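Trainee: Here's the letter readout for the chains.
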Amino acid sequence: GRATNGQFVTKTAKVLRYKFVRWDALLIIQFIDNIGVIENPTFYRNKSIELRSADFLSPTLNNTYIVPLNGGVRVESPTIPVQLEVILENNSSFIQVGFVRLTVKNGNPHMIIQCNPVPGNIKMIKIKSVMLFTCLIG
Amino acid sequence: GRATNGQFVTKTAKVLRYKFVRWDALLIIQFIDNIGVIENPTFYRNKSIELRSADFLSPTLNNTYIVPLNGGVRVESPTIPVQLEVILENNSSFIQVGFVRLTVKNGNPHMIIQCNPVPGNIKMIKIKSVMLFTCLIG
Amino acid sequence: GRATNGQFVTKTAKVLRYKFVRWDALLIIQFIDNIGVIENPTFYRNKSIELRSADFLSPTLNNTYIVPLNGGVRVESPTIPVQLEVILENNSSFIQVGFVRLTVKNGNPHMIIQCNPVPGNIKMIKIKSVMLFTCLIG
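Chains as they are written, first to last, in PDB author numbering: chain A, 317 to 454; chain A', 317 to 454; chain A'', 317 to 454. A prime marks a further copy of an entry chain.
It is worth saying that the hints were derived from the structure and are not from the lab. Among the hints, a few may not be true.
[What the hints assert, rightly or not] Think about it this way: if two alpha-carbon atoms lie no more than 27 angstroms apart in a straight line, the pair counts; the simulated DSS-like pairs of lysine-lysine are:
| hint | chain 1 | residue 1 | chain 2 | residue 2 |
| --- | --- | --- | --- | --- |
| 1 | A' | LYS442 | A | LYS363 |
| 2 | A | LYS442 | A'' | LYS444 |
| 3 | A'' | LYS327 | A | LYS421 |
| 4 | A | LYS442 | A' | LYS421 |
| 5 | A | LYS444 | A' | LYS444 |
| 6 | A | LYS444 | A' | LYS442 |
| 7 | A' | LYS335 | A | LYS335 |
| 8 | A | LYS363 | A | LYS327 |
| 9 | A' | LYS444 | A'' | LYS444 |
| 10 | A | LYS363 | A' | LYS421 |
| 11 | A' | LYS327 | A'' | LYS363 |
| 12 | A | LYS444 | A'' | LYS444 |
| 13 | A | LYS421 | A | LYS439 |
| 14 | A' | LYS363 | A'' | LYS421 |
| 15 | A'' | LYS363 | A | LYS442 |
| 16 | A' | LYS335 | A'' | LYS442 |
Just need the whole structure built from these sequences, with the hints factored in.
Mentor: Now the structure itself:
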């Protein structure tokens, strides 16, 4: 039981808030920055987690973006698929099914985001899904 | 422990049966209408949850279909991706990766279903995946 | 609590190792053969679970591959979406969002893998995602 607040922080000092439950064996963690809402009987708003070029390790292979993180938990999560929008520097954009994991390198957490080839360089990825990882410890 | 039966009901009085577990903090809920089966060593049958135009709020922006619901639980779920089939009025159809959440507007549960542009108007979405949401309460 | 080791075995005696937790009602199971790693600040390696033509039931309808299994647990899981790579006999390959379930036929576990049409016959599917199923018992 009850759901404890947490956060990561990115290179550019962006703060990714989450809630979790540790039950151990079991860690279940949800990002809470971008919970979509219905405004109007014609309109649902997706909110985004906005990650910029500066939050990624340069350089990138295989459209795999590594977002090194500080604080929060060190888990090897499963892969979850998400709704992405990838924003090129030329400001065209592509909707994609992305795939996200949490992983631990050195002493540190990282988010892995994997998407499809885009015809340009990337200024921003936005995650438009509400993300929850169910993790197994050890 | 053990798994309690529940249901929602749609505008057109369709009944979406599920099982759940509340452990609280934690709510884990599975839709049980469409559990696929192997009939024959050559054949697996996906079953569908069939949602019609009449179950959605008209009008729809961004290929986002809001299915207002009565009964069952009020949760803000994460987004899950699913296998959809979208059936146009002209009866062509498209397989898609859709994304589904549960959300709460006013006092009421809603299912959000988000898919890709189709070249026509929609008569039916069928969800062909077995859907389970792991939710965090509060 | 704590996470118990398990495995399935395929027709070709491939061994698919997993960890699980049974809490019952609740079974949460993770495949552990292919946990990706960061080697270098430019490189994350996806690992694959490699399933071959011989692990599937011939013949296949609807790009649905049935992998009959021995040992481990008998669950009807939800569908999870994954990163696939499908390798044709002509050795071209396609990245896809696949969908995987566990299911039980006769007395036996099966993995279901569902992907998109490919322009040829398949030698191998590789699952490149880290797969975790949260299951409800009964």
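Trainee: Could you run down the list of hints and mark each one as holding or not?
Mentor: Against the structure, the hints come out as follows:
1. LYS442(A') <-> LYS363(A): Holds, at roughly 26 angstroms.
2. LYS442(A) <-> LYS444(A''): 23 angstroms, holds
3. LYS327(A'') <-> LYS421(A): The hint is violated at about 36 angstroms.
4. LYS442(A) <-> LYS421(A'): 25 angstroms, holds
5. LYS444(A) <-> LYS444(A'): 23 angstroms, holds
6. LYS444(A) <-> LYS442(A'): 23 angstroms, holds
7. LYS335(A') <-> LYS335(A): The hint holds at about 24 angstroms.
8. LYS363(A) <-> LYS327(A): Distance ~22 angstroms between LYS363(A) and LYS327(A) Cα, so the pair holds.
9. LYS444(A') <-> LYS444(A''): 23 angstroms, holds
10. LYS363(A) <-> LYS421(A'): 16 angstroms, holds
11. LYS327(A') <-> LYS363(A''): Cα-Cα ~46 angstroms, so violated.
12. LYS444(A) <-> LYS444(A''): 23 angstroms, holds
13. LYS421(A) <-> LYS439(A): 25 angstroms, holds
14. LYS363(A') <-> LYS421(A''): Distance of about 16 angstroms is within 27 angstroms: holds.
15. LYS363(A'') <-> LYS442(A): The hint holds at about 26 angstroms.
16. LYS335(A') <-> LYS442(A''): Answer violated: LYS335(A') to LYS442(A'') is near 32 angstroms, above 27 angstroms.
Checked against the numbered hints listed earlier, the structure breaks hints 3, 11, 16; every other hint is satisfied.
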